[PDB]
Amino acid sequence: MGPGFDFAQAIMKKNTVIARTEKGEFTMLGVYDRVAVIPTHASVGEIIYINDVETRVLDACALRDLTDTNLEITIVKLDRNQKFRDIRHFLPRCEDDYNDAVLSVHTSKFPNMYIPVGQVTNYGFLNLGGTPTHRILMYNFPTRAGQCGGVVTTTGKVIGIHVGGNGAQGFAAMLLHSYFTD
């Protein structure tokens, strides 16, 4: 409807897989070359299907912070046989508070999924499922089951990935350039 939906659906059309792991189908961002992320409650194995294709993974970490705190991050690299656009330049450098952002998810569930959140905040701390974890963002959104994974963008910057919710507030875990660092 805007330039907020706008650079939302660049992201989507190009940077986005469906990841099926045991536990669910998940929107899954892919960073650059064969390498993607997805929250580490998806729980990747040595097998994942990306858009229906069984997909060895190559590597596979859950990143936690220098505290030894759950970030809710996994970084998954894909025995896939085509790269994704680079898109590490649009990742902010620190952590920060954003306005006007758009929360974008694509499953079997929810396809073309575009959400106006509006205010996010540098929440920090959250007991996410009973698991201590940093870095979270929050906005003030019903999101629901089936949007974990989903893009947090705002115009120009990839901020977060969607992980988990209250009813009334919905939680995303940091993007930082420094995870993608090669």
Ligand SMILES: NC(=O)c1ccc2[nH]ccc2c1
Given for the second form:
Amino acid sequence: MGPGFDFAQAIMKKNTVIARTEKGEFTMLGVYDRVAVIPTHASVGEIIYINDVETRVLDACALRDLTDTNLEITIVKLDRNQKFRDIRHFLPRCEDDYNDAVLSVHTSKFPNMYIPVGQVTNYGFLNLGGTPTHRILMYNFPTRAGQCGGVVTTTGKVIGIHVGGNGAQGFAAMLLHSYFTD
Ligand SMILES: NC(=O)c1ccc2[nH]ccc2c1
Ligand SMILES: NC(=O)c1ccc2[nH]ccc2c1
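Same protein, different condition: the form deposited without the ligand was shown, now please give the form deposited with the ligand bound.
So here's everything in the complex, that chain up top.
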């Protein structure tokens, strides 16, 4: 509907797959080469389904900060025959607040879904499902069970992936450029 939705759509159309684990279907953001991200609560194993194709996981790393606190991001390398468009230059370098973000989801349950979530706060610490978690972004939209792993964007930046909510607010784990240096 506007330039925010334009940038979000450009990311969804080229840099997302539908990931299925034993814990459900997730929006999964491809970042570069065969490297993607997913919420750590997806519990990625040795095999994952990518757009309903059985795919070997070559590596999976649940990220933690240097205080050894959960970040809720898992970086996955997929045994896929095709690379993602490299979008690392759209990743922020530092922790920040944002105006006018869009949360975008693509699953069997929620195809082609885009939500204008508005102002995004650098919230920081959250007890997420009982797990102390750092680098959380917060937005005032009643997000539902199923939007997790969804890409949070502003115009020109991919800033996070949806990892939870409390019925009134939604919470995203930051993406930082430094996570994807090769
Ligand atoms: N995520 C939501 O809060 C939300 C609101 C209205 C809806 N109607 C169809 C799906 C849906 C999701
Ligand atoms: N609170 C929520 O809306 C919530 C909780 C757990 C979830 N797992 C993946 C999506 C998601 C959303």
